[PDB]
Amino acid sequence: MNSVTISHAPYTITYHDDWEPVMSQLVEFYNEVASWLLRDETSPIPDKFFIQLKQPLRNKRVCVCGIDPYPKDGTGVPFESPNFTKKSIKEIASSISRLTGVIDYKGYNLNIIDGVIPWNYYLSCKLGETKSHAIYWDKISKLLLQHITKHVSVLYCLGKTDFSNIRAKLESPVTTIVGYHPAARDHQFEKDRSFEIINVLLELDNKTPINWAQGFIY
């Protein structure tokens, strides 16, 4: 838990100890990207760009990833919707309720559960322009993903096309499963069985299962 300073905004980034040994590289790759990003307004505000560095990587086992943050009303925490209006979080909550057998539910937060980390592959996006900052973030995304891959056990991808060749992007071979499009037509995501294989391998990795119901909000 320390802090570092940037010439451009946020002008201050606070980070955890686990993220220390590569975080320095980040700032070197940031001063050449920062000037161009701030030209257009982005969601969320720059002050929440690096708040996901807070969750330590020692006590996590599974990783959930998203290609882009929420285009509107972004808050910083990936896959978070306090009002429960986004289609992706609605589908995730419905699937979790179906799998766990719980009929009455109100909300779901993936950051509450211990063992899973809510992560976004691109850390910023322009409102009304989905995936409009891939070139800006590419190197930072590769760096952070290679670091998080060294601590998580199984990596569950979202989006068939977005992460199609994810094996080549990461040099270290790590147990990885790719998921389908969260809002795929023909109810393709309904038949997905990723949560079962995830904890099957997690047990196979000599690790305790993950209580999904912990993320529920009542």
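Rigid core (definition): largest C-alpha set, two forms, superposition within 1.5 Å. Only residues modelled in both forms are compared. Numbering follows the first chain given and starts at 1. First, how it differs from the form deposited in another entry.
- Superposing the rigid core between the two forms leaves a single residue from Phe49, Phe163, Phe189, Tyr30 with a C-alpha shift of at least 2 Å: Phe189.
- Fitting the two forms on their rigid core shows CA movement of 2 Å or more between the two forms over just one run of at least three residues, at 185-195.
Could the form deposited in another entry be given as well, to go with the form deposited in one PDB entry?
Shown next is a single chain and nothing more.
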């Protein structure tokens, strides 16, 4: 794992080799943003902004994408809550329990499933508020999504309204699949997409399907 030094706060970011050809640019984009980004409190601490940079991208084929971290108790890992209380994670656990049949759920950590990387479009948000760092993270988010989509095979974005033009934000349409958010809001109400189109799309491209059982916590 390589390391880089930035001008502001943590002074040290550790990243895997798979993120090599963009990391420098990220710093070139980060410093300016940092000058304003630390002006306000953020739900993720700055030390956990780039925790996901250590995950390799060579053995990943499905990329699940959100819009922002949780407004409170930001762990750094997207869609992660080691207390089974967040709305999105418990809804996803209930859906996967209905679809598969596994019972006795004590956690659904998604970062441990092989071939699936949890990703957040915006790496930070205002504490106790909605997404308020869209202008700051815009170019960084675009760069990171472009880097990720060139390694993974399928992209599954959560939120129809938020990703209404996700195809315009990415020059290469690498299997852009947009799904409804687990938390229904903003003229939307849907919770059951059967969570199985990803696997069949995977063997439609001569790729091994991903089992939705390695993420369970006992």
